[PDB]
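Novice: Throw the hints in and build the complete structure from the sequences for me.
So you can see what is in the structure, the chains are spelled out below.
2 protein chains.
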Amino acid sequence: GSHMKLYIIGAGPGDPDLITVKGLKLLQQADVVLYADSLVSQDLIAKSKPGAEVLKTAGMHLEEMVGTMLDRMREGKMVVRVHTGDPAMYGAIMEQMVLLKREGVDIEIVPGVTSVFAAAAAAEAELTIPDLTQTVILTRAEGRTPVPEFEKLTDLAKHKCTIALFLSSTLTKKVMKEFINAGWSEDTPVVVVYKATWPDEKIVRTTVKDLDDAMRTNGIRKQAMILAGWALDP
Amino acid sequence: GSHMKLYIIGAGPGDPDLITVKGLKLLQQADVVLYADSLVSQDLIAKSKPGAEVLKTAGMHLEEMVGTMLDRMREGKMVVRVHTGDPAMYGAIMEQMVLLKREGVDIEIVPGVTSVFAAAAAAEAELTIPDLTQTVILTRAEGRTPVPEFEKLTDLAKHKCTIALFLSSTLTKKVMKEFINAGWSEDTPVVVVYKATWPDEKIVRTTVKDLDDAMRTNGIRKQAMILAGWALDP
Ligand SMILES: Nc1ncnc2c1ncn2[C@@H]1O[C@H](CSCC[C@H](N)C(=O)O)[C@@H](O)[C@H]1O
Ligand SMILES: Nc1ncnc2c1ncn2[C@@H]1O[C@H](CSCC[C@H](N)C(=O)O)[C@@H](O)[C@H]1O
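Protein chains in written order, with the authors' numbering: chain A, 18 to 251; chain A', 18 to 251. A prime marks a further copy of an entry chain.
Treat the hints loosely; a few may be bogus.
Identical chains share a label here; the pair holds if one copy fits it or two copies do between them.
[To be verified] List time: in silico DSSO-like cross-link candidates among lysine-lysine, alpha-carbon distance up to 27 Å:
| no. | residue 1 | residue 2 |
| --- | --- | --- |
| 1 | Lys219 | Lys64 |
| 2 | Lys22 | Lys219 |
| 3 | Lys190 | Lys175 |
| 4 | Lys64 | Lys42 |
| 5 | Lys169 | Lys194 |
| 6 | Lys219 | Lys118 |
| 7 | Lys219 | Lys177 |
| 8 | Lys219 | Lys42 |
| 9 | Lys239 | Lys194 |
| 10 | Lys177 | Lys194 |
| 11 | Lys191 | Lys22 |
| 12 | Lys239 | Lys226 |
| 13 | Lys175 | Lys194 |
Treat the hints as calculated values from the structure; they're not laboratory data.
Specialist: Right under this line is the structure:
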C-alpha cells in the first residue's frame with residue numbers, strides 16, 4: 018500500500034538544481050504536488066508532470082491539509098510535499114506527520130540543501146575555522162512571536178561562534194542590539210545573502226554596526242540569510 | 018579561463034542520490050576528481066567518467082594538494098573536489114581557497130545535504146518545534162583537540178535547545194557528563210544515526226543516561242550523527 022505514503026521533499030534553497038537527484042525524481046512522478054510556502058521557484062514548480070494537480074498550502078488549515086492528502090492517497094495517487102530548504106529546519110512537518118501516521122501513512126523525508134548552506138556557499142565561507150570557532154548556531158530573531166527563554170539572541174551570542182539567522186531580515190535593529198549587548202565587537206563581520214541562488218541574489222557583506230543600514234539601503238526585506246561572526250571575515 | 022576554477026562539491030550524506038543535480042553533473046564531466054575524506058561512497062565515486070584521474074587527499078599536505086590542483090588546471094582540465102555533506106560544516110576548504118585565489122583561481126562552491134539533515138530525516142524529526150525550541154546548535158565534542166573556550170558543550174547545553182554533534186561518536190562519556198552538568202534531564206531524548214542513508218544505516222533512539230551504553234552495544238564507533246533534545250521525543 019505504497020500509496021499510503023507521504024514524501025516530504027527538501028527543495029533546496031531556490032535554484033532548481035539544488036534539488037537532490039532523488040528529490041527531482043519524485044517531483045517528476047508525483048500526481049498531487051503541495052507546495053507550502055512561497056519560497057519555491059516557478060521553475061522547480063514546473064518540472065512536475067503534466068497532469069499533476071498542483072496545490073498551494075500554508076493558508077490552508079491543519080485538518081483540511083491533512084484530509085486532502087489522505088483523500089488523494091486513498092485514491093491511489095502519489096502525493097509529495099515540497100518544503101524549501103531542508104524540512105527539518107523550521108519546516109513545520111511535525112503535526113501533519115503525526116496525524117498522518119495514525120491513519121497509517123508511511124512517511125519518507127528527502128533531505129535538502131538548507132539555505133544556511135547555500136548562503137555560506139555564495140559567500141565562500143566555511144562556517145567552522147579551527148582555533149576560531151567550532152560551533153554554528155542556527156536560530157531566529159524574536160519578533161512578535163517570542164522564542165523560548167533560554168534561547169534569546171543575546172545569550173546564544175555570548176559563545177562568540179558563527180550565528181546564522183533565519184526569518185529575521187526585518188529585525189536587524191534587535192539583531193544589532195542583542196549582539197552588542199553580548200559584547201560582540203561592532204566590527205565583527207556580517208554577511209547577508211538575499212535570495213541565494215536565485216537569479217535576483219544579493220550578497221551584502223557589512224558589519225554589526227551597519228546591519229540595519231545595509232539592509233534598508235539594499236532593500237532586502239524578506240528571504241535573507243544572515244551569517245554573523247569572525248569566520249565570515251578574511 | 019574557466020579551467021582556472023575550483024568547484025567544491027557537497028556530496029551529501031552518503032547515498033548517491035542525495036547529491037544535488039548540479040553536483041552530479043559536475044562530477045560527471047570532471048577530468049580530475051579529489052575525494053578528501055573516506056566518507057564518500059564507492060558508488061558516488063563511480064559515477065565520474067572513464068578517464069577521470071581519481072585522487073584521495075587528506076593524507077596529502079597543503080601545499081602539495083594545492084599545486085597538484087594548479088598543475089591540472091594549467092593543463093586545461095576540469096578539476097572538482099568532493100566533500101561529504103555541505104562543505105561549510107567542518108569542510109576545511111578555507112586555506113586551499115585562499116592559496117588558490119592568489120594564483121587567480123575562481124571558486125565555485127556547490128552546496129550540499131549535510132548529515133545533520135540526513136539524520137533528522139531518517140528519524141523523522143523536525144529540529145524546530147514552536148513553543149519548545151527555536152535553535153539548533155551544531156557542534157563537536159572536545160576530544161584531544163580542545164574547542165574554543167566559550168563553546169564548551171556544557172555551556173552550549175544550558176539553552177536546552179536541540180544540539181547536533183558531529184565527530185563525537187567515541188566521546189559519548191564526555192557527552193553525557195556535560196549534558197548532565199548543564200542540568201539536562203537524564204531522560205531527555207537522544208537519537209543516534211549511524212551511517213544515515215547508507216545501506217548499513219543504524220537508527221538508535223536512547224537517552225542521555227544510556228548514550229554510551231547504546232553506542233557500545235550497537236557498536237557504532239564512527240560516522241554517527243547524534244541529535245539530542247526534546248524535539249527528538251514524541
Ligand atoms: N534562498 C534563501 N535565501 C536566503 N535565505 C532564505 C532562503 N530561503 C530560505 N531562507 C530563509 O529561510 C526563512 C524561511 S524558514 C524556512 C527555511 C528552510 N526550511 C531552509 O532550510 O532553508 C527565511 O526568513 C530566510 O531566513
Ligand atoms: N552519513 C553520516 N552519518 C552520520 N553522520 C555523518 C555522516 N557523514 C558525516 N557525518 C558526521 O560528520 C563527521 C564528519 S565532519 C564532516 C561533516 C560534513 N561536512 C557534513 O556536512 O555532514 C562525522 O563525525 C559524523 O559526525
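Novice: All the hints need checking, so say for each whether the structure fits it.
Specialist: So, going through the hints one by one against the coordinates:
In this homomeric assembly, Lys219 and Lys64 come within 27 Å of each other (Cα to Cα) only inside a single copy, at 25 Å, whereas the closest approach across copies is 34 Å. Taking the shortest Cα distances, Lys22 and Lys219 sit within 27 Å of each other only across copies (22 Å), while inside one copy they are farther apart (38 Å). Both within a single protomer and between protomers do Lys190 and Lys175 lie at most 27 Å apart by alpha-carbon distance, with minima of 18 Å and 26 Å respectively. In this assembly of identical chains, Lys64 and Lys42 lie within 27 Å of each other by CA distance both inside one copy and across copies; the values are 10 Å within and 18 Å between.
Taking the shortest alpha-carbon separations for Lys169 and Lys194, both the intra-copy value of 12 Å and the inter-copy value of 25 Å come in at or below 27 Å. Proximity of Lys219 and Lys118 under a CA criterion of 27 Å is satisfied inter-copy only: 22 Å between copies versus 41 Å inside one chain copy. Taking the shortest Cα distances, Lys219 and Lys177 sit within 27 Å of each other inside one copy (26 Å), while across copies they are farther apart (34 Å). For the identical chains of this complex, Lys219 and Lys42 are inter-copy neighbours only, at 25 Å across copies versus 30 Å inside a copy, given an alpha-carbon limit of 27 Å.
For a Cα distance limit of 27 Å, the shortest separation of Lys239 from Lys194 inside one copy, 20 Å, qualifies, whereas the shortest one across copies, 41 Å, does not. In the homo-oligomer, the alpha carbons of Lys177 and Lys194 lie at most 27 Å apart both inside one protomer (15 Å) and across protomers (23 Å), since each shortest distance falls under that limit. In this assembly of identical chains, the alpha carbons of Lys191 and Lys22 never lie at most 27 Å apart, being 42 Å within a copy and 40 Å across copies at closest. When the C-alpha separation of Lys239 and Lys226 is checked against a cutoff of 27 Å, the pair qualifies only within one copy, where the shortest distance is 20 Å, while the shortest distance between copies is 42 Å.
With identical chains, the CA atoms of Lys175 and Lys194 are at most 27 Å apart both within one copy (13 Å) and between copies (22 Å).
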